[PDB]
Amino acid sequence: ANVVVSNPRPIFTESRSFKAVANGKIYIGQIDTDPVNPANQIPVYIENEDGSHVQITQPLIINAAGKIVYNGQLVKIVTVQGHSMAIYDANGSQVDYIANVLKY
Amino acid sequence: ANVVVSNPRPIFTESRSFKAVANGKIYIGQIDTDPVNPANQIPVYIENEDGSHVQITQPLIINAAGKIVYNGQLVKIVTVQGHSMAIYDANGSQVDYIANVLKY
Amino acid sequence: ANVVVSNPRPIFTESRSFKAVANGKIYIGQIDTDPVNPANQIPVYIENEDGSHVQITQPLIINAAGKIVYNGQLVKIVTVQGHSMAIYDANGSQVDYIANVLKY
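Protein chains in written order, with PDB author numbering: chain A, 6 to 109; chain C, 6 to 109; chain B, 6 to 109.
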């Protein structure tokens with residue numbers, strides 16, 4: 006028994022309070038660059054249960070639950086390489102920034 | 006310093022609202038099948054601090070904090086192989102379903 | 006596409022209710038010992054974005070969002086080896102205890 010049961014879906018909450026980042030926005034981009042700038046964004050893909058990938062546009066939307074959603078349904082998002090990640094709340098206020106996901 | 010401190014205990018919350026799947030139920034089963042059906046379920050074990058494993062019955066119960074619990078105490082659950090996972094709230098409504106935890 | 010976007014910062018919540026362990030404390034110690042006892046604690050370091058590590062004193066503080074904070078800012082904590090971890094709420098009541106993070 007090596008496979009531990011847990012929750013695989015990521016949840017994004019505030020950094021100064023216990024609240025989901027409801028209607029927030031996540032920008033994915035080049036390692037150590039501001040992903041909010043369109044020129045720094047990288048391709049993001051939805052990985053279907055099928056195993057296929059459908060590239061979508063940014064930013065990614067975080068629903069009321071703090072989970073990324075596309076077309077009203079929870080999705081798994083993946084990129085080809087490491088990336089920087091900036092999370093903004095519904096009011097365009099920056100919640101968090103991870104320069105290099107791969108190093109964190 | 007390569008060991009980063011984190012929270013190893015999984016937490017299960019609702020998919021459309023920021024709440025715990027309080028008193029919900031988790032079914033673990035064959036990859037890509039409906040775990041709710043007893044014919045698709047696979048063994049689930051509590052992994053004790055001891056390293057020992059004690060097989061328990063399904064479904065797994067989620068307490069009010071959104072954590073799996075057994076005998077009134079937080080427990081770590083493991084399976085031998087990959088599995089599909091379906092989460093239901095206290096009212097029998099499906100919260101989420103991951104057909105293959107390994108791929109996710 | 007193998008890099009999945011997720012939330013990398015750990016969040017600490019209560020075990021009997023869906024709340025953040027606001028202003029709680031985390032003790033890191035020798036595997037299978039009470040980390041609250043200083044004799045059992047191991048060194049803990051903040052890993053800065055820079056890649057540098059600065060040792061800090063224990064216990065680690067959890068803010069209102071249930072996130073580890075130091076000097077008022079969210080930090081990434083790392084240690085040298087596996088460890089036991091005890092989490093306590095603002096009232097000194099124990100919330101959780103993981104004897105060996107490496108096994109869990």
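Rather than coming from a laboratory, the hints here were simulated on the basis of the structure.
It is possible that part of the hints are untrue.
Repeated chains share a single entry, so a pair holds when one copy, or any two copies, can fit it.
Stated by the list, open to error - For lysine to any residue, the following SDA-like pairs were computed, each having C-alpha atoms within a straight-line distance of at most 25 Å:
#1 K24 with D55
#2 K108 with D55
#3 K108 with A6
#4 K24 with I36
#5 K24 with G97
- Query: Okay, which hints does this one fail, numbers in order?
  - Reply: 1 and 4
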